[PDB]
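Participant: Go by the hints and put chains AO, BL, BM, AX, AP and AR with the ligands onto chain AW.
Residue strings, one per chain:
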Amino acid sequence: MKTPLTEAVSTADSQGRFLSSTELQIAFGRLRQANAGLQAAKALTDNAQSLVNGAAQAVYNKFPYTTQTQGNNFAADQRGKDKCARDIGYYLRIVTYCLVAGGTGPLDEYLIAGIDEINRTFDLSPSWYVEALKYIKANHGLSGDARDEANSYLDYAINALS
Amino acid sequence: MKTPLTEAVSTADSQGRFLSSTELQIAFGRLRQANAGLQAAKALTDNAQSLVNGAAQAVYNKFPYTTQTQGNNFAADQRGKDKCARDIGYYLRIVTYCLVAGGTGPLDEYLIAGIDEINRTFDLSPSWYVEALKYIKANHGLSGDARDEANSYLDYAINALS
Amino acid sequence: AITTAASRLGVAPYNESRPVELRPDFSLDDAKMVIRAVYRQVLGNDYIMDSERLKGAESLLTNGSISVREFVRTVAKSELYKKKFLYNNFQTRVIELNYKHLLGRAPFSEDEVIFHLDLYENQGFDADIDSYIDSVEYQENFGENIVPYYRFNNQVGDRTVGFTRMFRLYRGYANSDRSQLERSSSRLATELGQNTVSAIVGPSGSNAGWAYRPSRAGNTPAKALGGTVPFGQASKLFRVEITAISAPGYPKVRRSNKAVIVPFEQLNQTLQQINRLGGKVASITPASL
Amino acid sequence: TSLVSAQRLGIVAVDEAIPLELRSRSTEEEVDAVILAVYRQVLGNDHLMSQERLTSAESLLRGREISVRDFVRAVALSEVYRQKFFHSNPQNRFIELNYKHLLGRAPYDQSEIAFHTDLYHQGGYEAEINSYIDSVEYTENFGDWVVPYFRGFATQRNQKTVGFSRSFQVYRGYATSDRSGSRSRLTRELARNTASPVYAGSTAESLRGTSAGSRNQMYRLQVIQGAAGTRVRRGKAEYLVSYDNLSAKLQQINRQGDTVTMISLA
Amino acid sequence: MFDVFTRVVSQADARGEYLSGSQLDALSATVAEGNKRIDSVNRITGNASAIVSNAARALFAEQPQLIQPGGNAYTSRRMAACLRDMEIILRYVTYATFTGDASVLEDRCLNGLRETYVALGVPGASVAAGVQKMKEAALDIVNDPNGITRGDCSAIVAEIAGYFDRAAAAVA
Amino acid sequence: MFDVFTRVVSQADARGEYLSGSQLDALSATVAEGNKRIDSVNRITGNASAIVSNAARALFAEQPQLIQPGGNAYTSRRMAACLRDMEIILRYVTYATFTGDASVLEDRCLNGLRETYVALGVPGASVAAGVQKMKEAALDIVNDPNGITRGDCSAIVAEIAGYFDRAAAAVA
Amino acid sequence: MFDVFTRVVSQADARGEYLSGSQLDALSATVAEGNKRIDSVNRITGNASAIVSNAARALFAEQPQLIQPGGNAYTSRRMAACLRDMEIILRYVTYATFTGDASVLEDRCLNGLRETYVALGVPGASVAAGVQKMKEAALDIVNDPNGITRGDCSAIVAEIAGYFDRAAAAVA
Ligand SMILES: *[C@@H](C)[C@H]1/C(=C/c2[nH]c(/C=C3N=C(/C=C4\NC(=O)C(CC)=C4C)C(C)=C\3CCC(=O)O)c(CCC(=O)O)c2C)NC(=O)[C@@H]1C
Ligand SMILES: *[C@@H](C)[C@H]1/C(=C/c2[nH]c(/C=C3N=C(/C=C4\NC(=O)C(CC)=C4C)C(C)=C\3CCC(=O)O)c(CCC(=O)O)c2C)NC(=O)[C@@H]1C
Ligand SMILES: *[C@@H](C)[C@H]1/C(=C/c2[nH]c(/C=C3N=C(/C=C4\NC(=O)C(CC)=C4C)C(C)=C\3CCC(=O)O)c(CCC(=O)O)c2C)NC(=O)[C@@H]1C
Ligand SMILES: *[C@H](C)[C@H]1/C(=C/c2[nH]c(/C=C3N=C(/C=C4\NC(=O)C(CC)=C4C)C(C)=C\3CCC(=O)O)c(CCC(=O)O)c2C)NC(=O)[C@@H]1C
Ligand SMILES: *[C@H](C)[C@H]1/C(=C/c2[nH]c(/C=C3N=C(/C=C4\NC(=O)C(CC)=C4C)C(C)=C\3CCC(=O)O)c(CCC(=O)O)c2C)NC(=O)[C@@H]1C
Ligand SMILES: *[C@H](C)[C@H]1/C(=C/c2[nH]c(/C=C3N=C(/C=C4\NC(=O)C(CC)=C4C)C(C)=C\3CCC(=O)O)c(CCC(=O)O)c2C)NC(=O)[C@@H]1C
Ligand SMILES: *[C@H](C)[C@H]1/C(=C/c2[nH]c(/C=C3N=C(/C=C4\NC(=O)C(CC)=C4C)C(C)=C\3CCC(=O)O)c(CCC(=O)O)c2C)NC(=O)[C@@H]1C
Ligand SMILES: *[C@H](C)[C@H]1/C(=C/c2[nH]c(/C=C3N=C(/C=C4\NC(=O)C(CC)=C4C)C(C)=C\3CCC(=O)O)c(CCC(=O)O)c2C)NC(=O)[C@@H]1C
Ligand SMILES: *[C@H](C)[C@H]1/C(=C/c2[nH]c(/C=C3N=C(/C=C4\NC(=O)C(CC)=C4C)C(C)=C\3CCC(=O)O)c(CCC(=O)O)c2C)NC(=O)[C@@H]1C
Ligand SMILES: *[C@H](C)[C@H]1/C(=C/c2[nH]c(/C=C3N=C(/C=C4\NC(=O)C(CC)=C4C)C(C)=C\3CCC(=O)O)c(CCC(=O)O)c2C)NC(=O)[C@@H]1C
Ligand SMILES: *[C@H](C)[C@H]1/C(=C/c2[nH]c(/C=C3N=C(/C=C4\NC(=O)C(CC)=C4C)C(C)=C\3CCC(=O)O)c(CCC(=O)O)c2C)NC(=O)[C@@H]1C
Ligand SMILES: *[C@H](C)[C@H]1/C(=C/c2[nH]c(/C=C3N=C(/C=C4\NC(=O)C(CC)=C4C)C(C)=C\3CCC(=O)O)c(CCC(=O)O)c2C)NC(=O)[C@@H]1C
Ligand SMILES: *[C@H](C)[C@H]1/C(=C/c2[nH]c(/C=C3N=C(/C=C4\NC(=O)C(CC)=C4C)C(C)=C\3CCC(=O)O)c(CCC(=O)O)c2C)NC(=O)[C@@H]1C
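Chains as they are written, first to last, in the entry's author numbering: chain AW, 1 to 162; chain AO, 1 to 162; chain BL, 2 to 290; chain BM, 2 to 181, 185 to 232, 236 to 273; chain AX, 1 to 172; chain AP, 1 to 172; chain AR, 1 to 172.
Next up, chain AW with everything else stripped away, as it sits in the complex:
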């Protein structure tokens, strides 16, 4: 779980030493980031339903076949659309967790680790999720430090996918 506080103590603990000014500066950086991260999480949470639905519809528009082709991995039927909305909701919710935590640790532990085996086994293309993340980027309406931090997590998920 990579966050500034956790990483700082882990570096110190592996060295078996008390926290020095280096770890304190890490905490100061976390403190500078934290408020923008928390209100970005709030803004994403309040707009979560429309963002997830819009991201799913964006994937359907760019990849129409996912709504016409019959298959377990496609969203042609109602359950496929539910799986897709739930997956994008997973991505959005875990991004907020990254925003409140201050690092990619929630994405790493909950979503990124093993996602390649998921997509290979269940025949889900990472390109679909890339477009969902791209829609979330373009429509979250965040600004300043909030947008920067949120887009870094969204780009982290995209870079892991592609």
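Please note that a few of the clues may not be correct.
[Said to hold, decoys possible] Covered stretches of chain AW, going by a simulated chain BL footprint (3 or more residues, C-beta under 8 Å):
no.: 1; region: 5 to 14
no.: 2; region: 102 to 113
[Said to hold, decoys possible] The list that follows gives simulated cross-link-like pairs (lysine to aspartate or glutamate, EDC-like), each with its CA atoms no further than 16 Å apart:
no.: 3; chain 1: BM; residue 1: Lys243; chain 2: BL; residue 2: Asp51
no.: 4; chain 1: BM; residue 1: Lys85; chain 2: BM; residue 2: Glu53
no.: 5; chain 1: BL; residue 1: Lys84; chain 2: BL; residue 2: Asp127
no.: 6; chain 1: AW; residue 1: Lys134; chain 2: AW; residue 2: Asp87
no.: 7; chain 1: AP; residue 1: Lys36; chain 2: AW; residue 2: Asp145
no.: 8; chain 1: AR; residue 1: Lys36; chain 2: AR; residue 2: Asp152
no.: 9; chain 1: BL; residue 1: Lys84; chain 2: BL; residue 2: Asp47
no.: 10; chain 1: AR; residue 1: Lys36; chain 2: AR; residue 2: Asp144
no.: 11; chain 1: BL; residue 1: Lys84; chain 2: AW; residue 2: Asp145
no.: 12; chain 1: BM; residue 1: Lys161; chain 2: BM; residue 2: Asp110
no.: 13; chain 1: AX; residue 1: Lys36; chain 2: AX; residue 2: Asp152
no.: 14; chain 1: AX; residue 1: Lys36; chain 2: AO; residue 2: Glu109
no.: 15; chain 1: AR; residue 1: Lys36; chain 2: AR; residue 2: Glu115
no.: 16; chain 1: BM; residue 1: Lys243; chain 2: BM; residue 2: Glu193
no.: 17; chain 1: BL; residue 1: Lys33; chain 2: BL; residue 2: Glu17
no.: 18; chain 1: BM; residue 1: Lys243; chain 2: BL; residue 2: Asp127
no.: 19; chain 1: AX; residue 1: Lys36; chain 2: AX; residue 2: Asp107
Just so you know, these hints were derived from the structure itself, not from any lab. Cβ coordinates follow ideal geometry from the N, Cα and C atoms, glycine included.
Facilitator: Just chains AO, BL, BM, AX, AP and AR with the ligands now, kept in the frame of chain AW:
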């Protein structure tokens, strides 16, 4: 060299991943601290000669036997006094380096590592150097963030010596 | 060696597994085999996700830029190793895990705990890992080009106390060293402190009473101090470890694991009593004579 | 060699070096350049003090009394050459210095060490030195008018391949000299007719990544090993270790009785 | 391992729920207290050696049978191990203070310390006495009003005190 | 490794001198450039997969001999190794940009890379061409004006260019 | 390593084309020879100890300087190492015969062997003479017409002789 930036890169490199928002916050915290560290280094450098001479006198006052007992390890002669002022000057100069670097990395690499073998081999009391660092703490005239970061490095040296 | 009890224990898969050596001018299959063996043994049979693989260390090992020993050192010093074994564990457990991963054996005595805890506390985790790997024991057993492996069989500088403690640290082939009953607790802290041994209880596949673990307190001691006197006339006394006691239910059953010293003449009756309470016999050891 | 191998091996200046020939009716600066080139190459790129200059020999060269080969011979026989290459050196090191300075190459065979050793023992330093300058090799490569130059990095006729590799043991770079008593690097290589791996310029460095220790420095330990533990697969071994494991690696090599041949920064 | 943010994250992920506004404001209250938390960590770290040595000296003064010949703190190596443990307890308390969560203190330092001390005959109650001395010397160092911006650090002091009591209770 | 601060510190320690006023002022100037440096690191990192993939596609499009059968990028393992190498070079370039010093890139990545490539037959010139493609791709991403505070990033673009050219020179 | 099939495969993949009819027919001819190949491997293996020991005795009888005090095969450890070396050479020759390609004998046994013997003072010529003695004994074993279906094994014997001479050439 233990600095926020080098340690952030090192942790990221062992996992083989790009710098995420966690490392960026480490950089932000380093930026928040760096100007205060630089003025702390400038103030210590400008006052270095009086600080070193005053620290040497404080040690000679607290441990009068060092200025009046024959032996290579003492400062009863000019050769010993020069060695003592040189050592305290080494302490002060590496402390300014730490303020510039943003961590105890200069003290660890240049001074702290192996200092106990030095003091044993040459029968030098670490209490002498503790008193010198206490004088520097009490006389550097720094305030705020400059004082806190400088006192952290001076206390780091004191804790290592004790 | 271990022949009759190899399958009962988890020793049988390692009996026909030869040590993985990287020969000079190795092939690409050889490099990959070493990578797989190091991941399995140094990381203690944890599943390694693709995001957790040390790509650079693997590349360097493949290229010959580093040896097997240096690759083992890089894996053991990685943040991956530290999240799995360092950051959430009491340092005695970290030492137990280091001995199992880097040396393939259990700690022998409290002196090893002293050395490694002192070295960790004075110089850090990396220096501690180096002492495991730069040790004379590592060089004589694995050297530079051999992946560390479990040393179940008797060797030159062994103690049988290490053989018993091996099965406190190793819990079967399909077990992952972070998926064991004691979880993050040190398995050998009491044992190394007191220089004592526990009866070996095999893994869950072949041993019905595999789950037996003694409690914090109120444990029946190993030997029968007093002889046959409390049991009237008796020939020999046996310590029976029983697990999964549930049938009578609480409050009649407080601890599901219980060790009892019983005479030979009551062994039959003891077995029936264990059967009624639904328990499983973990081990039976001579307690007298 | 071509540029792509030359930069890696650090022999670009040697490759682009032009042989210097003292032609007839040469001007003063041409003789100055020839004298300077001879001092540079015969004395192995030492800072030559003006008090160590051969004033009479270079006067005869200037006045056309002697040839370039004679001036090379005078420098080679001079007490300056003796002091810095002969009087404080073992014989095998001394003759490899002679091969580098006078013929511009490394020794090819142990018989060439057997030669110039008996020749010294029978006929003294002067006869032994005159063997190189009067040799067939000196005549076709340099003649009477060309300053000797290093030739070990280029393919020569009647050359053994080892010469090229062994060249990097006697030529350590453009900013190097043969100044410090030192033992030859080619002793075991010549005696047992082997070749050592070339680690010159940028060839010695190896990948580090995260495997190097705290200071990101790897060291290459070339050792000779036998069975004293685990099976030994090769007599020659190369170990790449970080600085933090250098003492431990050295000590375990020592307790196995393995002979360390070379340690270099990688 | 968890810090103050990741603790709430892990609880929320197990329920599949976004952090509520109340949870977000509690975290915003935590980061508003962040400078005071950094000061407390810095003040304990700067006096770590003095805290450990003074507490041990006071402990051996009030418990002389620890250092009598044959006592648990007698011989140099056992004295050194006692001094090492005191400093280790202190370090993980500062770690727990820094992260805002006790998981590092529990996982690294406390889980198994009682079992180790019982197995060796280390008097856990005397260790708890030493930890309490470290507590009392560190809280007033954190609470020292000189050379710092004035404010109310009662919440962080109570949190640090809780980590110290938790360490004292895990060993006693 | 060094960062931009400790490089100056190491030079001073070798000299046994305090940092002069100009060096401290130069360090203050690069502190004032820190926000822009973090943006460049963030922008290259956030586009790393695209940078590597587009640069690789362009490299094989302009050098089809690499991907023809028998070529050095032919077969999925060598093709994967080439892509990984691209990501490794780019990642160490971001490390160097973050630190403000090429020491991490030179010591951990570039040192001995040319020897490895020569020994394997990896064509260093085409690796240099690929790094050159990642070069302007990343430089245009750092210089994209949209969605950022406007300001002059000419110094950081030049520095990142130097790290990229340094990597390209080492492989070729 | 390679066998006879994979060597042709690797060449074809580098050239990036399907195996032609001639190569497929050549491999079919190899398959027809396979039973005799297995026979020869089994015959040498069954007489491995006799081949090694007799050759060593023959080598030491005609080269007494090896076993005289001070000789490289004198003392028990060096004699055991010498017998181990004869055994190693024979075993890897059987490996090369079994695969149908010389890669295993070259890659795993012969490469660096000359440099090993020179570095430790092992006389490579004497190792070559022992290898020649094992070759004649083993080929007599392979060509023995008793208790086997008669056929022409000249091709596999020539192939085996080539592996043996490759070994004898590599040592000296
Ligand atoms: C060249 C690189 C481009 C450019 C950069 C630029 N950035 C700023 C200012 C800021 N950028 C940040 C960055 C972040 N905030 C976050 O929360 C994150 C995620 C961790 C990042 C990366 C910040 C904090 C600032 C300061 C506040 C602000 O947002 O304005 C500037 C302005 C000057 C300055 O350096 O402060 C500039 C110039 N601008 C361009 O035009 C280039 C394309
Ligand atoms: C209880 C803990 C005591 C206390 C603390 C307190 N501190 C602040 C504010 C600040 N202190 C710092 C600290 C540092 N700056 C540095 O550079 C370093 C070294 C890395 C340190 C440790 C900072 C940055 C601040 C903010 C600036 C300021 O001076 O205000 C406060 C004020 C409230 C706040 O949270 O900002 C308080 C209360 N005060 C007491 O009276 C206790 C004894
Ligand atoms: C030169 C090598 C000698 C030789 C060989 C030869 N062998 C065969 C045929 C067979 N040999 C075998 C071998 C085995 N069967 C087993 O079960 C095992 C033990 C595990 C072995 C080694 C087999 C199966 C055959 C085929 C059936 C048969 O025995 O006839 C031939 C016949 C041609 C063929 O390739 O099938 C030959 C020529 N013959 C000589 O004269 C040489 C001295
Ligand atoms: C001054 C407080 C007291 C004192 C000083 C004294 N020191 C020495 C000798 C040495 N001091 C050092 C220390 C350092 N060398 C370094 O490079 C650094 C790190 C950058 C440090 C801190 C060393 C290594 C020596 C020994 C070798 C040397 O001479 O440099 C002496 C002389 C001891 C002797 O036997 O020669 C003295 C006298 N003496 C006092 O009485 C003061 C109270
Ligand atoms: C012979 C009188 C009886 C007997 C013996 C027997 N023992 C084993 C196996 C092992 N013996 C040990 C013992 C030790 N290991 C040590 O390190 C020490 C010295 C410090 C001792 C005393 C161990 C640990 C083993 C198992 C590991 C190994 O053998 O390498 C066996 C083999 C059992 C099996 O193969 O499963 C045997 C047969 N057996 C009898 O019937 C005799 C009465
Ligand atoms: C899937 C149908 C169910 C499920 C599975 C699940 N398993 C684990 C973890 C492990 N599984 C194993 C099993 C093996 N490893 C081997 O090497 C072998 C062959 C010899 C076997 C059979 C192991 C050892 C582990 C632990 C290693 C690890 O890295 O976890 C997990 C992960 C648990 C966790 O991450 O906490 C899971 C999820 N879970 C379900 O819900 C399904 C019913
Ligand atoms: C409920 C939150 C969880 C749960 C519980 C569960 N427990 C049992 C069985 C037993 N539990 C005990 C426990 C105790 N013994 C003591 O002495 C004390 C302290 C004083 C306690 C709390 C015992 C002895 C048993 C076994 C006998 C009995 O059942 O009375 C079960 C039944 C297991 C079985 O195999 O029958 C269960 C279900 N189960 C969950 O999943 C919850 C998380
Ligand atoms: C051609 C099939 C391959 C190839 C060849 C190549 N070789 C060199 C350079 C040298 N070759 C030698 C070899 C010898 N010199 C000798 O005197 C002897 C006989 C005893 C041998 C075997 C040497 C020493 C060199 C270097 C010195 C010199 O070039 O004269 C080069 C040139 C390398 C450069 O960078 O200039 C080349 C190209 N290259 C291929 O790609 C083919 C596979
Ligand atoms: C002066 C700042 C420091 C110093 C210098 C010093 N150098 C040497 C010796 C040599 N210098 C060189 C260097 C070159 N020769 C070249 O041709 C080139 C151009 C490519 C270079 C860079 C060499 C090769 C030597 C070797 C000896 C020679 O005479 O050429 C010495 C002499 C050492 C000795 O006499 O033993 C010295 C003193 N010494 C200091 O203390 C200063 C810090
Ligand atoms: C006498 C030469 C000088 C001196 C002595 C002094 N010592 C202490 C305190 C301690 N001494 C020890 C030493 C040992 N304990 C052991 O178990 C052994 C090994 C068997 C040794 C050598 C220790 C551990 C302590 C500290 C704990 C304790 O109280 O015993 C003191 C008191 C220091 C304090 O702060 O309490 C003193 C006074 N003092 C002088 O001035 C003499 C020149
Ligand atoms: C000091 C206040 C008291 C005291 C201490 C004491 N402890 C030991 C021995 C050990 N302490 C530990 C502790 C830890 N292991 C870890 O993993 C962690 C950090 C994560 C801790 C804190 C361990 C494992 C040991 C055993 C190894 C060792 O001995 O060093 C001793 C020595 C016991 C003995 O008899 O050898 C002592 C003296 N003793 C007192 O009397 C004080 C009250
Ligand atoms: C891609 C643009 C070009 C290319 C690349 C290529 N590289 C290799 C092999 C290796 N690359 C490395 C490099 C590193 N490993 C590290 O850990 C780091 C950081 C320190 C670096 C920079 C190494 C060590 C190897 C060898 C080991 C391995 O294969 O992983 C290959 C494979 C070569 C082969 O034959 O296997 C390739 C294909 N090739 C091209 O044609 C492109 C121009
Ligand atoms: C016997 C015919 C001659 C002889 C042999 C001899 N060899 C060695 C030493 C070594 N032999 C090898 C060779 C191999 N080891 C392997 O693992 C492999 C296969 C992968 C081979 C080919 C090696 C590496 C050694 C060195 C390590 C070791 O000593 O075992 C010796 C010992 C030399 C010494 O003094 O150490 C000897 C005696 N000696 C003769 O006189 C015969 C002509």
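Participant: A separate judgement is required for each hint: does it hold in the structure or not?
Facilitator: Hint check:
Three residues within the 8 Å Cβ limit are the bar, and the region 5 to 14 of chain AW against chain BL gives 3, so the coverage statement holds. With a threshold of 8 Å between beta carbons, the proposed coverage of the region 102 to 113 of chain AW by chain BL holds, since 3 of its residues qualify and at least three are required. Using a Cα cut-off of 16 Å, the hinted pair BM:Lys243 and BL:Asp51 is violated, with the two alpha carbons roughly 37 Å apart. Under the criterion of a C-alpha separation no larger than 16 Å, the hint pairing BM:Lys85 with BM:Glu53 is consistent with the structure, at around 11 Å.
Annotation: proposed proximity of BL:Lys84 to BL:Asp127 holds, straight-line Cα distance about 14 Å (limit 16 Å). In summary, the hint linking AW:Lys134 to AW:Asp87 is supported, as the alpha carbons are separated by about 15 Å, within the 16 Å threshold. For the suggested pair AP:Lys36 and AW:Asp145, the alpha carbons sit about 13 Å apart, so the restraint of at most 16 Å is met. With a C-alpha separation of about 9 Å, the suggested pairing of AR:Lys36 with AR:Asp152 holds against the 16 Å cut-off.
Taken as a hint, the BL:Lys84 and BL:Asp47 pair is honoured in the structure, with Cα atoms around 12 Å apart against an allowance of 16 Å. For a cut-off of 16 Å, the pair hint linking AR:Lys36 to AR:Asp144 stands: about 12 Å separates their Cα positions. Between BL:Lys84 and AW:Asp145, the direct Cα distance comes to roughly 30 Å. Violation of the 16 Å bound is thereby established for this hinted pair. Among the hinted pairs, BM:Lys161 with BM:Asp110 is consistent with the structure: their alpha-carbon atoms are about 9 Å apart, no more than 16 Å.
About 9 Å separates the Cα atoms of AX:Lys36 and AX:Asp152, which keeps this hinted pair within 16 Å; it holds. Between AX:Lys36 and AO:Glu109 the CA atoms are separated by roughly 30 Å; this puts the pair beyond 16 Å, and the hint is violated. A C-alpha spacing of about 35 Å is found between AR:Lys36 and AR:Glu115, which places the hinted pair above 16 Å, so the restraint is violated. Distance check on the hinted pair: BM:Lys243 and BM:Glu193 sit about 13 Å apart at the alpha-carbon level, within 16 Å; holds.
This hinted pair does not check out: BL:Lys33 and BL:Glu17 have alpha carbons roughly 20 Å apart, beyond 16 Å. Between BM:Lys243 and BL:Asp127, the direct Cα distance comes to roughly 30 Å. Violation of the 16 Å bound is thereby established for this hinted pair. A threshold of 16 Å between alpha carbons decides the hint, and for AX:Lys36 with AX:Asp107 the separation of about 25 Å lies outside it, so the pair is violated.
Figure legend: structure checked against the earlier numbered hints; hints not met, in rising order: 3, 11, 14, 15, 17, 18, 19.
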